[PDB]
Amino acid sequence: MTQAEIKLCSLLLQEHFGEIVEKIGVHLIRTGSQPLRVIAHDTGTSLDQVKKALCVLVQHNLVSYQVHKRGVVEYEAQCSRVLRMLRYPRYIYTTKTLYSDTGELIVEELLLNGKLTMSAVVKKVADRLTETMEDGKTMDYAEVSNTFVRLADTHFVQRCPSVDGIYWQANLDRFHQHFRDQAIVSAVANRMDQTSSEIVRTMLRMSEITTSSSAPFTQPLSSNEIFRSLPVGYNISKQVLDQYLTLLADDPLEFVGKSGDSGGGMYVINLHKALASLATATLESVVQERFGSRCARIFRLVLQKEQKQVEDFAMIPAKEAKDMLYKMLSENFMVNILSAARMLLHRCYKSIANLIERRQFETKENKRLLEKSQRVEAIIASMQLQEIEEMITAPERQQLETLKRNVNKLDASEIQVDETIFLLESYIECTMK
């Protein structure tokens, strides 16, 4: 489908929703759009267990339903939407960044609890922000409400589609468009300068409503329309802008291109070139992370430019060079951009699956101890307290903290591997022209 993708979907549906939901979800992912009775029959599950499983998956925006030909309700699940569960910590973080704890909680609630009306969200968030507050002061629902409206305006939050519209959901495409723009801007910043990245940031912002999250180029923009829409904080004159725009167009990176000229010169953002570059950068990262600085140096050289001309420009030992070329061809790096991006994506799905399995293994192996911890924590809630904590012995506390540290490392790795998955998927889907 791939099987890496199914295994990963299965693991996520199990960890969050358990046995039956995982069976039904993986069934729909594998077999496609079908009515309730076919699901029950094909999975050897009772209509009652199927009904509850579909309810949990619809609630959590993982299953959609549509009325077909003879008025029969069919259900569908898509593999990618299940895979985006790995991206939830990032979506929540990205929101915090743009709309503070108020925005962070709005998106956290929508993703974690699924479909909810605006009222449900405002009531949950305002109540959550009030508990974190020191005696009194209170959280004004009006401000939580304004944050919600700003999110909906900037499309980070949208009403679920009907066949209803009373429920809200996070718009993953919107986060995806933002992550793409952010990656490009950061790349322009660390290679060129602050003004260059700011111009590119302005250009991508004025492209938010005009270009799709997977297009290879932005809509052409004049220097005048870019100048008009520049941030107020920037005191850059139109002469300084045209100077930077031609400096951006005439760059080895090739992120900005003159499409017209025209008044006062038409400029596009080479989104595909920008992604190809980010992809090659992560590939280099993986080469150094696995085979070292030597192998990574010779890989970088293969990206620029036959061993007759290769070894003559390598500037490293001949016997050493031969060893490197084997490791990179066999492990599929040596360089074809897409092919190597596609295989690393595949390896990423295998990595995250191993990460989850290891965590599930660690928590299962310490189930009795974790239960002892939870029980001790719960007793502390009722209103000396030192003796109830002494239940968990010094060796036990060492094991729990070790487990917390291990899980936290595995969780952090999961987010890290998914940051790579985003870059690969983005490059791969952009390369569909």
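Between two forms, the rigid core is the largest collection of C-alphas that superpose within 1.5 Å. Residue numbers count along the first chain shown, from 1. Residues that one form lacks are left out of the comparison. Compared with the form deposited in another entry:
- Here the rigid core is superposed between these two forms, and of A249, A152, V72, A189 the C-alpha of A249 is the only one to shift by 2 Å or more.
- When the rigid core is held fixed, the Cα atom of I236 travels 2 angstroms or more between these two forms.
- Under a 2 Å criterion for C-alpha shift, the lone consecutive stretch of 3+ residues that differs between these two forms after core superposition lies at 233 to 258.
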The other form holds:
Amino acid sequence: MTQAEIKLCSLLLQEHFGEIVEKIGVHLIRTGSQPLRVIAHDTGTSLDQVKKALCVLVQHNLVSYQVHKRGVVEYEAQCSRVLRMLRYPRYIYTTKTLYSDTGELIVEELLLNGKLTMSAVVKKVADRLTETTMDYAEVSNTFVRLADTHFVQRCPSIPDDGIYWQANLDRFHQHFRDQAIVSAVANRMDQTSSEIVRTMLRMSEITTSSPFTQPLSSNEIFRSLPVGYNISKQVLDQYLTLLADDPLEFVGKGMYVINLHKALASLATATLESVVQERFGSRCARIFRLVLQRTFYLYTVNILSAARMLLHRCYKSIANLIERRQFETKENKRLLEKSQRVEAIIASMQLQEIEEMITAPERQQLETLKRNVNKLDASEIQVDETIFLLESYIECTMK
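Next, report the structure of the form deposited in another entry; the form deposited in one PDB entry has already been given.
Partners and other molecules have been left off, which leaves just the chain.
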């Protein structure tokens, strides 16, 4: 919806799917919801290339479709959903964190392969865990836990009416939001204070996420606490300290509430401070801290516009990271092709003379590239962690 995000979508769509898919994808992003003939005409693409490109995009949950007026299907792509391709490593990891390699592989399969039936996922995962015997029933049980906890959901309703599975991104997001609030409350408070916020966020998963938590009572919060030795008097002292606290994650009016917008507001600002410390230094990070709670172009306590433009800078840097990775990998096209071919000979199996095909300076270059690629990969994940926080905060500031 801005050139920064549209350049990013373009890059992702081509890296993952190539020329025509990028062409059709970017088009539906730029020009909006429209039928096949128009896409074909407006893009100067053959009606079958459009048909195929849309199939790949639908398969990958990147393009949705709808029947309007009479029998006329209009295709639509969401710029945001394409940028979520950058968050896939986090979704997959978060799953492993909660469920085993079973959870990890289910979400990896659904995210990377696209639309799959519960059957196709269970089969694909069991085989994958067997090659490292995997009981398909345990795979199926993990899938059911994911679906019950809404981390995984059926695609909206050929027109194959709910027979396919999709990872629920809105669920991973509220989890990331809740995870962040708790961690903030743990690093600035008491851990017993963070656990109280956690259960409060856990039980208020009902009446979320469309500024403030659903009002919760002291009596029910006590009953909903996990299996851990704690008296009602101790907990009541903790809600009271949560109420009267500097970050302002609570207000109450026993009935207690979590100030979700202030929670995101303070997460956003702390992320701004980190950029100040990395770009300007520790001496300059101390100056720009007191101005919060002009030497360099910004305004006194301007929360939104700073985050709103830091997001723009995040989209630009992620786009720069991708371009550099493509550049590094293109400048070594011949060598990594030699590396690929050398790997193929060893797989068919003496071995030492086949390895020798790659010279020591060539292996020094392949390792430097692997190190550099892993470095750019890691930055991309780390920048998206900032993107999530800025986006969430900015989305919450649309009340």
